[PDB]
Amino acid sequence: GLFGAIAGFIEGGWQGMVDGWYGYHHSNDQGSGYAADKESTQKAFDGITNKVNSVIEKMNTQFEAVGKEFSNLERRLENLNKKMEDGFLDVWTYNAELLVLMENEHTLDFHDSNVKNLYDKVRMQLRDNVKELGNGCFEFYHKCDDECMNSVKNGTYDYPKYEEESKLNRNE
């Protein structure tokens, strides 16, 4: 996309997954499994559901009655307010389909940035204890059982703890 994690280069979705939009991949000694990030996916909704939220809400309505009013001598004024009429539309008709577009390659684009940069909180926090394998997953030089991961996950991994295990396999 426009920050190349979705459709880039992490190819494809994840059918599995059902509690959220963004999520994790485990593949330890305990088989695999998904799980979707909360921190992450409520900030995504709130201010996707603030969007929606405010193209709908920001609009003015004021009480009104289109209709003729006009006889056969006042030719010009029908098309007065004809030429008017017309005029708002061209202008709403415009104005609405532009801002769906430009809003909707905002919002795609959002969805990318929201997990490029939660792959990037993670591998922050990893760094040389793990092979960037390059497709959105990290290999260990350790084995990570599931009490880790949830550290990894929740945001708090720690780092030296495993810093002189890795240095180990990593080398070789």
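Residue numbers count along the first chain shown, from 1. Rigid core (definition): largest C-alpha set, two forms, superposition within 1.5 Å. What changes on going to the form deposited in another entry:
- With the core held fixed between these two forms, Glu147 has its Cα displaced by under 2 Å.
Could the form deposited in another entry be shown next, to go alongside the form deposited in one PDB entry?
Single chain only below; no partners, no other molecules.
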């Protein structure tokens, strides 16, 4: 994928994450579990919804075939009519089939970007308070309880709060 996250450095998807497209699996003393990222899933949902309305609405004034008849002395006109209606049919077939191929490519890359962006958001917040394992996971240099995990997930992780504790653990 263009952004290198899906089927990339994050090797596989999570069957156990049922309530969204992107999210978290945490692991600490209290236990473990999956949780969807609400903000990024909804933003992706709004975009994709808009895309599927936009593709649909652009082909609302497509060419429509009208049934006409022609006599045996009107073969050139009949052929002209046939060429014209078939001509537009091929134009709109091409249009519909290409828009879909192109938008499918972009949709898959959009999702890939959203995962990568979510990873970078979490990474740029944790800094050197964690180890980056390279598989989409971060290992904490300080104990991160359930309320600490939720600050990571909702984007309010307090780096200065854990700086000194992490620094000590990482050094010794």
